[PDB]
Amino acid sequence: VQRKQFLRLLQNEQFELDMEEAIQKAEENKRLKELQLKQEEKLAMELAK
Amino acid sequence: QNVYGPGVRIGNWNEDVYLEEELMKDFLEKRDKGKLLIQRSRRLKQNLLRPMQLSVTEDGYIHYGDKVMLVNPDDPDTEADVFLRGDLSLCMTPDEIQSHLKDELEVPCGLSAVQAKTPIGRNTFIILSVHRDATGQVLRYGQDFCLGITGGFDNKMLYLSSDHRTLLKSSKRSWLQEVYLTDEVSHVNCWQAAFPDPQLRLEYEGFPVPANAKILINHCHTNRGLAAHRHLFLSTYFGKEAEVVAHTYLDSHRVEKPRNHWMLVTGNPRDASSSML
Amino acid sequence: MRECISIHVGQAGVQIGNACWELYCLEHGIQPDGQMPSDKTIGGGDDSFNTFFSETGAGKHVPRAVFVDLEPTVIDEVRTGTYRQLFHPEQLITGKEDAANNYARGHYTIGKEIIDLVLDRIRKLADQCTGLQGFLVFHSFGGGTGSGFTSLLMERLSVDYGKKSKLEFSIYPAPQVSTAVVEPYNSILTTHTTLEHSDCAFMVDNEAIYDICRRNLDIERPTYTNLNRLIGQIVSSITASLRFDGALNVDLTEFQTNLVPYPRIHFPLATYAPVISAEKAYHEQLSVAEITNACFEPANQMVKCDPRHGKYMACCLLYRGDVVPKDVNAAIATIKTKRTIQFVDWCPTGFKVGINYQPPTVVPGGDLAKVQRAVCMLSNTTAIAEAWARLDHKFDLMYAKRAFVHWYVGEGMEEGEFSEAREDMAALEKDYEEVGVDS
Amino acid sequence: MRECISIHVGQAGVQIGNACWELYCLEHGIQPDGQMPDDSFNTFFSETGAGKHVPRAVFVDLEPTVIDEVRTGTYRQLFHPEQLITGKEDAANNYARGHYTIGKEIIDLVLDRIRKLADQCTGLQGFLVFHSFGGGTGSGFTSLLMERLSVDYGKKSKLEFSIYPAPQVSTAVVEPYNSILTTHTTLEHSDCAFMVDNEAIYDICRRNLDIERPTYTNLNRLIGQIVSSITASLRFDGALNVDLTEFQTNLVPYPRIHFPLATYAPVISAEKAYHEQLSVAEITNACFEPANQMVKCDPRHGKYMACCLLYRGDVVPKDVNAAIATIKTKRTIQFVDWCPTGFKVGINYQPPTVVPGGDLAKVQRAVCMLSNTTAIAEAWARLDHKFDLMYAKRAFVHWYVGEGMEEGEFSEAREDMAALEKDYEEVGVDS
Amino acid sequence: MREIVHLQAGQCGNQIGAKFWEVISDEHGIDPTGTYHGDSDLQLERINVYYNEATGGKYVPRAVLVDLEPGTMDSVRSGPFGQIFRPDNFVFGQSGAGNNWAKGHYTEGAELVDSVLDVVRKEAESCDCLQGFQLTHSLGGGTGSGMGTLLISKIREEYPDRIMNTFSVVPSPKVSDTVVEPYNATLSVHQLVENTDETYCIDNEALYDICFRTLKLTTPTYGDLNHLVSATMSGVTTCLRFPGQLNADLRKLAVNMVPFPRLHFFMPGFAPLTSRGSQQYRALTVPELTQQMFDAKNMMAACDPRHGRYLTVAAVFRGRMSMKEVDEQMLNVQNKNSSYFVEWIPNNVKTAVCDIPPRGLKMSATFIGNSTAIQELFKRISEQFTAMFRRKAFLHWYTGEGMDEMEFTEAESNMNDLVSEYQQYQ
Ligand SMILES: Nc1nc2c(ncn2[C@@H]2O[C@H](COP(=O)(O)OP(=O)(O)OP(=O)(O)O)[C@@H](O)[C@H]2O)c(=O)[nH]1
Ligand SMILES: Nc1nc2c(ncn2[C@@H]2O[C@H](COP(=O)(O)OP(=O)(O)OP(=O)(O)O)[C@@H](O)[C@H]2O)c(=O)[nH]1
Ligand SMILES: Nc1nc2c(ncn2[C@@H]2O[C@H](COP(=O)(O)OP(=O)(O)O)[C@@H](O)[C@H]2O)c(=O)[nH]1
Ligand SMILES: [Mg+2]
Ligand SMILES: [Mg+2]
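Protein chains in written order, with the entry's author numbering: chain B, 51 to 99; chain E, 3 to 279; chain JC, 1 to 439; chain IE, 1 to 37, 46 to 439; chain ID, 1 to 426.
Rather than coming from a laboratory, the hints here were simulated on the basis of the structure. Positions of the beta carbon are idealized from the N, C-alpha and C atoms, including for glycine. It is possible that part of the hints are untrue.
To be verified - Pulled a few chain E residues facing chain ID out of the computed Cβ check, cut under 7 Å: (1) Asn4; (2) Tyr6; (3) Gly7; (4) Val10; (5) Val19.
Unchecked claim - Using 30 Å as the maximum straight-line C-alpha spacing, the simulated DSSO-like pairs for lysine-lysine come out as follows: (6) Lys80(B) <-> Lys27(E); (7) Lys75(B) <-> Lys37(E); (8) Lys326(JC) <-> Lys154(ID); (9) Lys171(E) <-> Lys54(B); (10) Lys104(E) <-> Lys54(B); (11) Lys154(ID) <-> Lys96(IE); (12) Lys99(B) <-> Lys88(B); (13) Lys40(JC) <-> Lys119(E).
Isolated chain B, as found in the complex:
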């Protein structure tokens, strides 16, 4: 019983960590996509000019 309660508490901590990672990854993806699009547009402008 004692170690089962310990496992339950550790699982709760793992749930919080999983939620934090799930909210960070979307921000990273949005930043990468925006940077790639802006760089592509600038390169097109320069070559055309």
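Since the structure of chain B is already known, use the hints to place chains E, JC, IE and ID with the ligands on it.
Okay, now just chains E, JC, IE and ID with the ligands, sitting in the frame of chain B:
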């Protein structure tokens, strides 16, 4: 039928969208206010596992007020098939479930032996005199001294303590006398250092104790030695630890067993973060 | 705390026990050296292995099972294999000169010599059990040891231990393909004894698993290693409630209570779904309805009998993994409105449902795929009397000319129980008809 | 105790309501959340638990494409989650698919909401149903909705706003069939139905607002102001206020002639308003000019039959009176002889409110004209002429009869718009 | 909410369909692996139309691949997007049809279809609200015309009230690739008139001329023409998956464009088609697209619209457009061509505008046409039938398989009923 999931606008999606938005809002409110379990555990681990600098001795005699580390040496015991190997360090251990539910440390706190070599905030002990106001003093054999641990906290001082056995007071697993930490000042915090060899013990009583040497630590009011149970395992928030009790162990020749041998470890002069080991 | 003692007798029991006991070591993470890996400092709270694995002061875990045979050909490969250090030196019992597919050698002459050595080892294994659920038996009908030595082992087990549960996993002869010539003689005699000395007899044959491995896993050329794993997967889903947690757990007495209506009818059928290859699971959606729709199809039966000829009496559904109790009720309710599935009149509620949270664990490099949910159905059907019909047709067609009888009379067995064992299941066939009569 | 229930059926009815409810939130100061950071909002909103202001509209469609645009848009927190009702498949511009086959599977949920909404209101004044004639849902589903409403609520007024099919420009092909099939049931269970079309608003945006490229998001703002001008006499205070019952008496002389025209003035852009002068004697002449009628018809061929002018904003009642007698002495504005008094004027105190980012200008005073006239006999003549050239060869018929509605309904509905056609000459001939 | 079942039969049908899943998986941001990687939230809004979700939220297409020889079955599987289909849905035989319609409809087509109809029964019964079917094949083959029209009739006996949409590559005079083309085309369209709600005729002559004049491609590969076809398939059904100002599903397209039950053969088109050199000179406006749409060189069939009359025309637009520009342009083109449209139907044109244009482009306009000129594509097949049937040439492969000579006289009579029915209204 078939099910798709979160994003797809099919079936009963509106109530799921409401429920996930409510859960996300609650999670952000809790983590912004700071009631998050991982944040509390992170603060507790940052307080506990802080690095610390030990004292450095010149003439090899342990001084009052110096910061030392208690280390049980390793011996090839044949008592049990499974037991901790290598030198162990005496580290305090708070209660796990109460430590998760509440931020503040709950006195009394138990002790343990951990495979640790670098001095951290959990295993630095300061040798103190019960008479106090001691400057330029040498710790001697057969003399009373006390051990105080700050424990990674700059707030309070805690001391080792033990008492006579009672039907309501016992160790966690070995059912022997226990050793704990209290902030009270009494005679149950005083310990004595004695020579391991019984023939020369009274001859060496009253001599300055060497540093980094095997000595016996004996309580005063109960006259039990500090002992480390290697074969009995304690589950802890920081892994598996050996047990610690107060009991005197004798072989067939009435010589103290390697369980009772303890060694006080100072800091390396070349690198203060590392020890003499 | 609730512990099972498994018995494996014959060559079938050892070879099933090689693949069955590999899964328990690979489910709890117990190495072939006998010790759990040291990389478990964070992990804890696990004591579910005590049903089968006994601790030691050195941290070693040894199985709670006995391996019995009358030849050293099959157990010496275990003793010199990968798992030589894991099993006990004495829990692997060897005989001499086997039984040669003869029931009299297995029961009266050779199976009498070593029965005292095995009975000591069971008793030496039963005192450590602070709580024992019962026994599990793996053997074969068509063998000499699996049918001869088993027939008196169940007689000695019932005398020593009174009302303890006895559950069987037997290798029934397949209707078309088989190996031994005199298999009707051995199959008739051993099940005449064990009608009253058993409590539940799960059966599976060898042809119906050949059909499964062809059209599901796309294996053209299987061996017994491919077949033993699927039988080894059924045993885990049956016993998973005693090991792991769940919303509804079943003990070894709970699904014995809900599958035998009368004392003479203790013959279920074993089925398993979903079974699929590694590639085809990657695309097909596995709903709770689609894994219980596969169990009711006659092509997925693991005994070569069509359930459409007969009527179900009682059923047991044993779920694993990410199963919600909502979808169990909706999938069962669809089956209740099916006309193809027929039920007897006196069992209005035939379903017993158990759920365990552990998803099914699959051996690395195996033919079957890693899935999150699976169901094993132990269904009782009247259509197993078709299986007894084709074998008793085979028996009197060979007993008429007194073929092979001198192998049985000249060993120590009287010819008088050749007729009585046929007359025993003549009345048993009358019993399956009267149960199926609608009131 | 003055309450109005809005029902938005079809895509054209719902998409106007996206811009109709945008304007009502600005009138009363209600945020899109539903919060108000005194009680003139009670006509269109019901404050509920927690202070959220809940609207009084039911958004029903057989297709989930358009409602899910609002359930994910910027007005998610405003409407009730059970007032947004969807189906599974559309009507496919078929009358018998929105009324005979698929319209019966959702009609119990539609009337359950209207029954629940009406119990919260203390005094119910009428209904405001929005749809279009041409589509299947705006024909099939509004036909049985007001059929079941007229047996449940007897004497409550039913105000209708529909998109009339334009003469030369149209989207679908079977719209001559669906316009005839709608109006068979409207003449028995509707009390006042207002026609607008899509070609007249295009020419207003081209010439008056100076917009080169109009869009459906632009027309819905103009229709959103006319409905907010009719219901402005109930929300606010005025010199003399018009109730929903009392402009149904003075616009409907006969039970079969209840199809007035909607006209708003002044509809001006930003760059032109600060130059030219906006007097009451000029904004009422802009209602009578042939260019500014919002239905593609010429009023000069017919004669006016009943006129209602609803002034709002800074208006003195004197110059309204001098403007009416200015109209009556003009020979080109011809009135019927049997109705010597035909002008009904109404003064309110609240000026119009401009939506930020919009195309309209900030105007101090405005007038909405609701004119009953005989000029729409020409509009119903051209649509009947398009029905006869298609029913002669039985084109597009088997899509109707394949659902459950027999071919006998085409000839019965044709003879009814035949019957009401000569009712316009029977009232246009001078005594 | 609305679902569409896809089926791929014949060598020409599999290659177009495998190119068709290229376009929409890029539209919805799906990798060949099956994992969603897109940017907007409007792409996962309606993924249930064409896709099913699997374990791990991984997407699989809802299509059935049927054939008789594994030659083109392994070509699609070893393609760019071949590792996304269901491996159980790959249903095939071992013996080729031999470009014979009797091998695909009586001899080898009657054995495999029992397994073929099971997988399309699995996908239909698990759908929420099934909307219709979709099938790509060719009229001139033995596999694409044998079981191409056999799968149509069997589904009609199961699901009566749906919309059954097929895309058929029609035979042409100058791009004849088979000696027995006139026999197989007549034998297929006899059941296409009976049991199909809308059929699209696509001709290889017009596909090459688009690749030659407008696109200025000197060496068109068969991978190029399948991209021309795949644009019109995704354009006619874009109102089911994406929001717009005027939503029109497949059944809405059925009511407007089918005046009589036996006139449902359509010409398709794609509007923004431009070459590599002259992209800079062109200006993208709504009146520019309408002029491109009503060009004679832009439709996918080799029929002259100037030798006929138009019954019903629709055009599905894509992108951000004003609505006066769309509505006034399809009124100007009807008034400026009044004799070309019929006089017993007013307002032949039809409008459809969607909010989301295709990837990498600003606007789009998918064109569809009904005309009386489609009889010229049907007289040439019917006339080639007579010159081969009188000598009874190539009949002993058909008549020796289980087929009578009375089916050929029955099917030829059905063309001349159909050819006269377009000429009757002209
Ligand atoms: N499916 C399966 N069947 C097995 C396996 N091992 C043995 N059998 C069955 O066992 C039958 C033959 O009898 P055995 O088990 O080999 O020998 P036995 O039961 O010990 O009898 P004796 O050799 O006389 O002692 C065959 O018909 C098989 O069906 C196995 O690993 N898998
Ligand atoms: N002014 C205006 N008219 C619209 C709008 N949307 C649709 N319409 C008109 O509505 C007429 C036909 O109705 P539909 O667009 O088919 O919508 P519906 O009535 O619900 O019919 P279905 O969508 O098939 O169910 C068209 O001719 C348009 O002129 C809009 O946003 N503004
Ligand atoms: N667009 C296109 N047409 C093709 C392709 N392959 C064959 N065809 C056409 O298909 C016609 C012959 O049909 P066929 O392939 O023999 O039918 P099948 O035997 O049933 O598969 C020829 O006239 C070709 O023009 C292709 O890859 N793309
Ligand atoms: Mg044997
Ligand atoms: Mg609509």
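Against the structure, the hints come out as follows:
no. : hint                      : result
1   : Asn4                      : 5 Å, holds
2   : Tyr6                      : 5 Å, holds
3   : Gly7                      : 6 Å, holds
4   : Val10                     : 6 Å, holds
5   : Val19                     : 12 Å, violated
6   : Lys80(B) <-> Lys27(E)     : 21 Å, holds
7   : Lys75(B) <-> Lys37(E)     : 23 Å, holds
8   : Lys326(JC) <-> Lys154(ID) : 37 Å, violated
9   : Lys171(E) <-> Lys54(B)    : 25 Å, holds
10  : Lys104(E) <-> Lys54(B)    : 19 Å, holds
11  : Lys154(ID) <-> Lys96(IE)  : 26 Å, holds
12  : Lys99(B) <-> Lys88(B)     : 17 Å, holds
13  : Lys40(JC) <-> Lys119(E)   : 21 Å, holds
Of the numbered hints given earlier, the model fails hints 5, 8; all others are met.
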